[PDB]
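One chain follows as structure tokens, the form solved without the ligand.
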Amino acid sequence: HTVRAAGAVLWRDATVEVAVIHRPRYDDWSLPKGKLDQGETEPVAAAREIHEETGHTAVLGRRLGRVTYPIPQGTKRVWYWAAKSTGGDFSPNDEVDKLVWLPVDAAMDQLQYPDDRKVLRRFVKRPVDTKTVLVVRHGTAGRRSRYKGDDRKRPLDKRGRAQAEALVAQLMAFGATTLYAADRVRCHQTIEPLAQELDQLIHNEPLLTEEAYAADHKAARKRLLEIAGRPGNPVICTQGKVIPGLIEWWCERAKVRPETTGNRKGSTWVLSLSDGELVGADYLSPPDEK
């Protein structure tokens, strides 16, 4: 069987230092990570396990990649992120007895596994002090036929509401701070739970609906960049016919290659920016899908 895990290169400003952990079970030095709990998304697992193992909270930025290796039971699949420490301090735990903070070249030496070393090379290849734009497709909301009444008003269904609730921890893992949604009830409702958590209002965005994108895709592009330019990490909840077009455009111009792709309801594109420039685009499946 495949064991799914997530973790990070945890970093702080000293130029940058990264955490390497020691485990007496293997007398090994490695990166903080662990297994996904039932129902848990990779980002949320990563944040948890980082804090379990290092004693630090972190905000996840760019996704580093996936690595896969044999273990006695089968196969270990681990997703890694760059993650900046937001606080805390190490104290020894059950698995991890020591942690060191190292500049990257020394950390590469301290590491011992090829997969960890690969992830660390991925970390250094781009800027890590990134800002993050979270582009979310609204949750499940039945079919446009099944709900007559102004389709603008069609609500999230039971699943979609559960997706919205699950997106709170997902989006908070990336340090979401400001909320925007296309002018459709289902788009707002997707991020209402996060709005309440953050105690933030949701900015309504008539230029980012499907109808508006179809009429004037250029105004949508410009408005996306306007939003991305504001301070904070914005969530922008919009629709299925809008997202691929915006993401594809921006990735092509920035020469950013996504490691994964898709467009499902409740999915999230994590766009990482350095000094306003796009440097990563990471598609996350819906929180209730694999």
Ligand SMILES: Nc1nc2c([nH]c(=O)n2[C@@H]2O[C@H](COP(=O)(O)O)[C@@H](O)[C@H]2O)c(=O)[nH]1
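Numbering follows the first chain given and starts at 1. Only residues modelled in both forms are compared. Definition used throughout: the rigid core is the maximal C-alpha set that superposes within 1.5 Å between two forms. Compared with the form solved in complex with the ligand:
Put simply, after the core is superposed between these two forms, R146 is the one residue in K218, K158, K153, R146 with a Cα shift of at least 2 angstroms. For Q73, the Cα coordinates differ by 2 angstroms or more between these two forms after the core has been superposed. Displacement of the C-alpha atoms by 2 Å or more across three or more consecutive residues between these two forms, following core superposition, is confined to the runs 70-74, 146-150.
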Second form
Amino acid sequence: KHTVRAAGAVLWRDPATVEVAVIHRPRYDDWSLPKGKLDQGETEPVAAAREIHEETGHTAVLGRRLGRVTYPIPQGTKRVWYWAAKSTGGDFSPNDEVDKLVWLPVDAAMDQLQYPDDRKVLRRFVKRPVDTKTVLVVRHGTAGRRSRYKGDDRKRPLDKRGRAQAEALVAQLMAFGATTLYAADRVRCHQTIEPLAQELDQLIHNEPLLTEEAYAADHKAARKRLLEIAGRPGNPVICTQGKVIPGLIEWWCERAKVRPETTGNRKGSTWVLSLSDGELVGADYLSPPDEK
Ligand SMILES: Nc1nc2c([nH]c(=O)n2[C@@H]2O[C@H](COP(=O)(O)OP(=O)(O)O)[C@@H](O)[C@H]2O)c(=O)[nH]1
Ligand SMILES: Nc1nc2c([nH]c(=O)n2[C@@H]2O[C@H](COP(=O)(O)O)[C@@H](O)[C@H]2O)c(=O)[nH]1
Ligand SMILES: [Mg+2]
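Given the form solved without the ligand above, what does the protein look like in the form solved in complex with the ligand?
So here's everything in the complex, that chain up top.
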């Protein structure tokens, strides 16, 4: 430490036929990618989306994560996680902070980008498909402690913290354009995604096949259910339990030969599974919204 947390993006619009946005900032006279520090209570994806909008005028849908860049600054170390971000429209107007934005194909953007780490990010971007759909696998938020009773406490609810995580997850799941909601047949799973359900005004599909008991009883039915959900149109959120997620994630990653750059399994965490034509092309583990 001290680590100053930030996030940014390769903002793109219509493989390597797309155009990407490169910005110019007067204060530093640099050509780079949009990025900015996280505000109080923001996560990286929420900050990336916000900074794309504030600097370029565009709204966007985040997809694949593109790695991390660190460099020293007087306060310590700046850390920047980057996402591919598909433009959903907007218009750039110059300001004091960013006076120019150019939309360039990857090759010319490579030439325009002055920092080696930005070119490294853009190399990662072109490495895989960027027109992806997304499956968000979420482990439910904190819900106190398991009781002494055998098995699972079906009705045990989120605790105060878990409720806050559920609220903070709305903005992070919307940053990836979540559209449809699923939770394992436990109260704490449904409660984690209820604030998002309110915000989209949508129903949560119940998933008894994805509880810990059912995964332990019939792991192949769970796996098959996950792929059925993934196959539906739209970007599903699936909220389940700690003994389920690692095994489903490691199975999908191993069969699609996809390497996660980070890994964890914390309550309130999210896995961002990027799909192109049904093949897994990214698996990005995001910390709980109130952890680093
Ligand atoms: N945007 C960007 N700036 C970088 C990088 N590396 C790097 O050393 N810098 C420099 O870091 C300094 C601080 O820039 P930064 O954008 O991190 O600061 P701020 O959040 O705008 O205050 C500037 O002089 C940049 O030229 C980089 O990869 N991207
Ligand atoms: N504006 C600017 N451009 C720089 C710098 N360094 C640096 O390598 N370049 C590159 O110089 C080219 C553009 O110069 P201008 O048109 O003068 O902004 C781009 O290739 C940038 O990547 C720099 O500090 N300022
Ligand atoms: Mg910035």
